Amino acid sequence: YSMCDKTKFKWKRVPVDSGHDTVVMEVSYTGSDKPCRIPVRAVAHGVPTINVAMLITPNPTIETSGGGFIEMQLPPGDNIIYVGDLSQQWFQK
Amino acid sequence: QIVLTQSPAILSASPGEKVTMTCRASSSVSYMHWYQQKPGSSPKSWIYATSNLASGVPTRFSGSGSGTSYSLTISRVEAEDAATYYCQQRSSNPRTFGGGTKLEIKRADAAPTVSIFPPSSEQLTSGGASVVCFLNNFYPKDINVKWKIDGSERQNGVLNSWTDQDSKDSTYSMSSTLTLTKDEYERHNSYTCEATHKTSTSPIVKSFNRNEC
Amino acid sequence: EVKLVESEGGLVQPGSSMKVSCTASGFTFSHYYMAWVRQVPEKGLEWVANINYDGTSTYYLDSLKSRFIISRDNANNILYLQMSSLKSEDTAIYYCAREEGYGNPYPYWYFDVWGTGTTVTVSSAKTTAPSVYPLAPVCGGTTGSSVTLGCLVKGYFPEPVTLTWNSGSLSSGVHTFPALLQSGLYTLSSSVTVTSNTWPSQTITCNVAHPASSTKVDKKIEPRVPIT
Ligand code: NA
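Protein chains in written order, with the entry's author numbering: chain E, 304 to 396; chain L, 1 to 213; chain H, 3 to 230.
Just so you know, these hints were derived from the structure itself, not from any lab. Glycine is no exception: its CB is placed at the ideal position from the N, C-alpha and C atoms. Take these hints with a grain of salt, some might be off.
Negatives, chain L to chain H, calculated, CB over 12 Å [said to hold, decoys possible]: (1) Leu11; (2) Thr22; (3) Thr68; (4) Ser75; (5) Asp109; (6) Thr113; (7) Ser120; (8) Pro140; (9) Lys148; (10) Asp150; (11) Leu159; (12) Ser170; (13) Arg187; (14) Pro203; (15) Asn211.
The list that follows gives simulated cross-link-like pairs (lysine to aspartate or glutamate, DMTMM-like), each with its CA atoms no further than 20 Å apart [to be verified]: (16) E:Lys311 to H:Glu44; (17) E:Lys313 to H:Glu48; (18) H:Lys67 to H:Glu48; (19) E:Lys396 to E:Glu366; (20) E:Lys313 to E:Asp324; (21) H:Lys5 to E:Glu374; (22) L:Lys44 to H:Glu102; (23) L:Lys102 to H:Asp64; (24) L:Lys38 to H:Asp220; (25) L:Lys102 to H:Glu44.
Listed below are several chain E residues computed to face chain H (Cβ distance under 10 Å; list not exhaustive) [as the list claims (entries may be wrong)]: (26) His348; (27) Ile353; (28) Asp388; (29) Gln392.
Excised from the complex, chain E in its bound form:
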């Protein structure tokens, strides 16, 4: 599949702790090039060149209906999550 437009995302449920040392979130998409792949990244605050988002949901995707569900595991410390143009701070452990 092709990548979604990064400028057409909105938070549906902001990231929260899952209860088993992972992070879960939900987004919505207003583009018409569906279905498409969601771009997901995360970095340690001090090292912005290395992706540390270990995904539990493989290849998150926006279908022809519904939103998107994403779950990831992050290393301890201060991190930043990127989903398209959306962003969120997350402190782990």
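Position chains L and H with the ligand relative to chain E; hints supplied.
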């Protein structure tokens, strides 16, 4: 700092055909980026990381390359593509930009629409006198203008300024200003602006008389 | 939408200082590296400086490292550039820009959003306000279904000025020509073409602003009458 060589400086092409512009680097780089700029506004991200299209960019565009040679290609050019395109590297400190390639889109030849304007009452009260001629929506860009006062050609005091190509109809425009003093303007009567363009051997002539109405 | 808006520029004497700013909206400002890039007359684009998330690291073009300082205020969504000991070679259009590419090596990163730009002029010359002249058609008039009107902005320094017609509600049929320099002062003109049933049954106004002299003028285009 790495030197970036874009060619050609001006790329002129007919609608529907495929074009390629090139950017060569003096030392090896691992990615190249591209930006579009239209007159009066700021640059805009167009291609990033060699071959990825930014949001909203039509799929007629593409990009490729590696090492010391990269390129940008348009499959079928359109009138709205007229702009300047810049390449940029961020592999070596400091990051650097190329010199740009300006894309021109060809169309059928068109004659100008000519309009002439006497000095305003406010400028004559201040002591000056400027006569202005507008030559609008023509193609190609080359054109000549000649001023005549009481039938005799005048060459001193003329300033001309061209626009860049219009992205809607692919035409150009030009303004011409003849500057005189108030008393010098008051000593003559007829004022004429003559435009010669490749669309016709005869010029387009517009004129007025100072003392009428 | 993501948007970056720069402050006003101006004219300054060689050796003096000036501070410009850039206000961000539509995204979480503290989650992105930011930068300044300038466009120099007859030379092109040139990077100036950039800064990390929290301002603890800054980087500069080597020939500028002693004259420029970049900083940021994350809670107030604002980026700053402070200039000192300015030279004539620093005259340019200065753009604010957001960086992108996190999660990849540095050579992958690029500029994904740019600001509107602000002009800084370093000169020993004095500020000069322009004269604004309306251009109505020849008296007696011409026939036809369309009429062209003009506006002439003469004798100002420094650049730039901003010109609109009817505060921007007239867009089609407008041609604004690049300014030209003559004996130290700039001049600019503009034309607009409307239908014969438009003017003079509707007011048409040329709006001109020149910040460096704090000039703001609105000139109505009026039919020509004989004056003695
Ligand atoms: Na119009």
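Hint check against the structure, violated hint numbers in rising order: Hints 6, 7, 11, 15, 16, 17, 19, 20, 21, 23 and 24 contradicted; others consistent.
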